[PDB]
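A single chain comes next, written as C-alpha cells; it is the form deposited without its partner chain.
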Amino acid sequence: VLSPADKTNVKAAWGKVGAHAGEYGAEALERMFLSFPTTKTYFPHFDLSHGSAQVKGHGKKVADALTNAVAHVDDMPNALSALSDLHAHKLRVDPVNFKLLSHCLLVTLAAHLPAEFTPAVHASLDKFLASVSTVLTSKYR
C-alpha cells in the first residue's frame, strides 16, 4: 500500500523525469533485453538492435502508461484497467518479468536522478512499481 509520503515521493521524483520519460522508458527496456535475455521471447516481432524505433516507440508508450498511473495514484486499478486486460488476456506475460522491468526502471532512474534517488525515494519508487505491476497482473486467472 502506498502511503501519503510515498505518493509525494513518486510525484516529486516523477515530476523531475518530466519530458524525458519516453527517453527513459526505452533505456529501461534496452537494459532489460540485455540483462535478462529471456524477456525477449515477448518481442520476437521487434527489431531489438540498439537505437531501434520500435524500442523507442514502445519506450514512450510504457512511460505514458506510468505517467498516467502517477496522475491517478489514488485509483490505479481503474486507471490501468485497459492495460491490465491487455496483459492478462492477450499478451499473457509471466509475472516475474514485471519484477525484471521494474528493477530496470530503477537502475535507469538512478542513473539520471543523482540528487533525487535518495533512500526514502528509492523505497517509495520501488513500492509504486510493485503496485503498478500487481495491477497489470491482477486479472490473470
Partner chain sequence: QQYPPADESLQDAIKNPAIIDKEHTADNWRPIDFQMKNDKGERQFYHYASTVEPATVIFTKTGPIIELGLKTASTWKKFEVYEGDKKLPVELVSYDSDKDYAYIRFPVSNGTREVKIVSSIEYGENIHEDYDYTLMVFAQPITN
The other form holds:
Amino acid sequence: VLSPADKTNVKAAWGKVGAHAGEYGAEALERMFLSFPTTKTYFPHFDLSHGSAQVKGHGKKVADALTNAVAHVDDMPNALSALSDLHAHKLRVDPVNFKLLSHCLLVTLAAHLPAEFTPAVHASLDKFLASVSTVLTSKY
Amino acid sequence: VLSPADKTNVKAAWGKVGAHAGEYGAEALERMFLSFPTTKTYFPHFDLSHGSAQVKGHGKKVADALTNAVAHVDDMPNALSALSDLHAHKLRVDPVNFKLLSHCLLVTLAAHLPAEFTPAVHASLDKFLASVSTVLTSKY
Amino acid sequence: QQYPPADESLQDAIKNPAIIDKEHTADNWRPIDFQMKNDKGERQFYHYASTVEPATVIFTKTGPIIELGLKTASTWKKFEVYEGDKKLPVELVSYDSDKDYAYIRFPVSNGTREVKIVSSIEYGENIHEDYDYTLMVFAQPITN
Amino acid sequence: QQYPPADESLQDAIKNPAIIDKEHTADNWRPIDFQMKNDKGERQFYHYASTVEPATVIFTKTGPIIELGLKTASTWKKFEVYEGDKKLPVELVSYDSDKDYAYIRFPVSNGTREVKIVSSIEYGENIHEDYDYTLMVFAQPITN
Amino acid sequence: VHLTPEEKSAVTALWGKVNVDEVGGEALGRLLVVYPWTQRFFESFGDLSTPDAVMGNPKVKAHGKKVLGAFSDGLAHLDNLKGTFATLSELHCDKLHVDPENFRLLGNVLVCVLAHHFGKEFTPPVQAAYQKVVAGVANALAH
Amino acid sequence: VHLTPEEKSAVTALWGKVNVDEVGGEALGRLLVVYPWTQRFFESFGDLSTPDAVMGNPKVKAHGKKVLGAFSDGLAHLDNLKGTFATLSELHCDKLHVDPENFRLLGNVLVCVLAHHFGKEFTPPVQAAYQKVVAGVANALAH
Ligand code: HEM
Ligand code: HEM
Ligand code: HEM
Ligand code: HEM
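Given the form deposited without its partner chain, state the structure of the form solved in complex with its partner chain.
So here's everything in the complex, that chain up top.
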C-alpha cells in the first residue's frame, strides 16, 4: 500500500526517466535473463542472445506498461486488466519471477539515475513494483 | 487483488463464522505460538501458556479486526489505518509472521467449518488474508 | 435498451449503459445510519459487509426515498425490499464501474423504522445462496 | 474557517471541512480530453500521472469553466493556472478523502485551446520540486 | 526433523487414519486453485480452468497419491530427509524448475487438508508436529 | 558458489574499487528504509524514524562496515561459505531470530548500492556474478 509520498516519489522519479524508459526496460530484462537464467524458460520463443531485437522490443512494451501503471497507480487493477489476464490467467507466471525483474529494474535505475535514486525514492519504487507484481499475478 | 467472486466468497464464509469469530481468533493464535515459536517474541508481555486469558482476549480483538477488514474489503487501507500504525510503524512486525498467522487461521477455519471450507473459498480467504497482511505491514 | 429490474437481477441491471457511472446527487437529502439484522436477531454480516453506511434519505414531493449503496453488485441477484408486507419498487439509479458499487432507491412511508430485504447472490461456478430475511433497521424513523 | 487558496497551497486548502467529500456535479457539462506537455515538447509525466482524464467543461452564464481532478492532493503545493499571460482564479470545490483527489475549477475564454500551469509539490522530509511550466492542451477548443 | 518420541507417536497415529486415496488429490487440487501459477507445471494434466475441473481431474487425483506416498516415505527416514528426497529435489530443480517457496505452500496446504479431514482431532500440538515434518520435507526438496 | 575464473576476476576487480567505508552504511541504511520492519532488529541503534536519520546514523554506518567486511571475507572462502558464516548464522538464528528471507533482501540491496556507485561499469555480466555471491552468502547464513 503506497502512501501519498510514495506515489509522488514514483511519479516524480519516473518523469525523469522519460524517453529512456524503453532503454531501461530492455536493460532490466537483459540483467534478469543473465542473473536468473530460470526466467528464460518463459521466453523460449525469443532469441535470448545479448542485443536481441525481441528483448529490446519487449523492454519497450514492459516500460510502456510500467509508465501506464505509474500514471494510474491509485487504481492499477482496472488499468492493468489485460496485463493481469496475460500474466496471471494465460502465462501463469510464478510471483518469484516478478521479484527478480523488479530488483533488476531497481538495479538499472540506480545505475542510470543515481541523483534520483535516493533511499526514499528506492523505498517507494520497490513498494510500487511489488504492487504491480501482485496485480499482474492475481486472478481478479 | 480480490475478484468480485473472491470478495463474495469471503463475506459469505465469514458470515457463517459469526459469534464464534473470537473463538477461532484465539485458536489461530494458540496454533501460531505452538507451531512457530519465534512469533512468541512479539508477545513477551503475555503469559503464553495454553488457555491464557490474554491470548483468548487478544484473539477476540484480532477476530473483530478481521471482521472489520472483511466488511470494508474494497478499501482496507482507510479502514485498518490505526492497525497499520500499530503493526507497521510501532511494532515493525516482519511480514513472514503474517503468513504464519494467516495459515493458522485457515487451519482453524478448515477444522471448524469443513462444509464452508471449499477449494474456491480457501483460495479467496488466502488471498484476502494476504491483502490484510500487506496493509498492516505497509507504512502509508 | 430493456434490462432486468434491480429487484430480480441486480448483476444484469448494472450492465445498462444509461446508468453506468451516472451522476445521482439529490437537491435535498440527509445521511441516515442503519443496521442489518438476520432472523436470529444477530447482525446479518453479508449485508452489513455489502452495504455503504451511511445510507441517504432523499426528500421528494411523493415522499421520502432511501438510497442504498450495494457492494459487489455483479454478484447480487435478487434484492427485493418490503415495507411491512407490501413490496416496494427498487430502482437502479447508478453503477460505479471502478469499484462495482450499485446505488438503488426505494420509497418508504413517513415514520418508517425498518424495512425487510429478501435477496440472493449468484456467481462463479454455479454458486448460489439465498438470504430469505434481512431486516434493515434505521437509526431514526424516516421523515419528510 | 479561512483556508489558503488552492492556487498557493492545495494540500492546505483540502483540509477545509466545507469541501471535504462535497457533491460537485453540474447541470450542463461535457467531458473533454487533454494533454500535459513540458517545456521541451514532451509529455509532462508528473501532471499526466497526477490528473484525472477526461476533465469536465462546465457551462455557466459567466462563461465556460474547466473542472480538473488532481491526484495526490496532499502533496501538491502551488498550482497556478494562466490563460495566455493573465492569471486565472482557481477554486477548490471538492476533496475526495478516500483517494486523496482534489477537484479544482477555473474559468476560460471561449475558443481557448491551451492553458499554462505553474506548480510545485512539497512533502515528506523537506522534499520540494518546482514545475515552472506545464501546458494543458485541450483536445478541442472550449465552447459555451 | 527434530521430533520428540511423543510427537512421532502423535504424527504416526493420525497418519494411519488418513484416507491416502483422497487427501493427496485434495491437497494438490487445492494447491492449483489457491496458488494458480502452480497450474503451469501441471499443464500436461489437461483441464485446469475451474475449481470443479481441477478437483475432479483424475490425473490430479492420481498424482496427489504419489505426493502423499512421498510424504509417507518422509515419515520414515526423519533423520535423513535430505538423502531420501535427493532424487526428487534434482527432478524439481533441474527438469521442472520449481521454485523452493512452492514446496512450503504445498506443505501448508496438506496441513489445511488434514485439519479439514480430522477437525477438532487435528489439535494445535498435533499441527505443530506436522509443521516440523512439512518444513523438513520442503527444506529437503530445496536442498 | 560456483563461479568461473573470469567471474572471480571481474568480481574481485570491482570489489577493489569499492569505497568500503561508505557502501556498507548505504546498503544497511537502505535495508532499514526500504524494508522498514528490519528497523526492529536495530532498535539499539537509536533514531530510525526518518530516512535522513537512518542514513546519517553513525551506528548504522559503523555496523554497515562490519557487514561489508563480512562480504569481503565471503569473497575469500567461496567454496566454503557454510563453514565461514556458521558462527554468524547461529547468531542471527538463535539470538536475533532473523528470518532467512531478510538475508536475500540485504544481498539485493547491496547489489543496488553497487550499481548506484559504479553506474555503467556495473554491467549485466558483472551483476550476474554478484548475484551468485549474494545468494551464496544468504544461503550460508540460512544454513
Ligand atoms: C514489471 C512487471 C511486468 C510488466 C510491466 C510486464 C509487461 C508485459 C507486457 C506489456 C507484455 C506484452 C503484452 C502484449 O503485447 O499483449 C508482456 C508479455 C509477456 N510477459 Fe511480462 N511483464 C512483467 C513481468 C513479467 C515477468 C516477471 C515475466 C516472467 C519472467 C513475464 C513474462 C512475459 C512473457 C513470456 C510475455 C509474452 C512475450 C511476448 O509478447 O512475445 N512478464 N509483459
Ligand atoms: C491477521 C492479521 C492481524 C490482525 C487482524 C491483528 C490485529 C490486532 C489487533 C486488533 C490488535 C490490538 C489493537 C489495539 O488494541 O490497539 C493487535 C495488536 C498486536 N499485534 Fe496484531 N494482528 C495481526 C497480525 C499480527 C502478527 C502476525 C503479529 C506478530 C506475530 C502481531 C502482533 C501484535 C502485537 C505484539 C500486538 C500488541 C499486543 C497487545 O495489545 O498487548 N499481530 N493486533
Ligand atoms: C513437498 C511437496 C512435494 C512433494 C512431496 C512432491 C513429490 C513429487 C513426486 C513423488 C513426484 C512423482 C515423480 C515421478 O513421477 O517419479 C513429483 C513430480 C512432479 N512434481 Fe512434485 N512434489 C512436491 C511439490 C511440488 C510443487 C510445489 C510443484 C510445482 C508447483 C511440483 C511439481 C511437480 C511436477 C510438474 C511433477 C511431474 C508430474 C508428471 O509429469 O507426471 N511438485 N513430485
Ligand atoms: C548477508 C547479509 C548479512 C551479513 C553479511 C551480516 C553480518 C553481520 C555481522 C558481521 C554482524 C556483527 C556481529 C558481531 O558483532 O560480532 C552482524 C550482527 C547483526 N546483524 Fe547481521 N548480517 C546480515 C544480514 C542481517 C539482516 C537481514 C538482519 C535483520 C534484518 C541483521 C541483523 C543483525 C543485528 C540486529 C546484529 C547485531 C548488531 C549489534 O547488536 O551491534 N543482519 N551481522
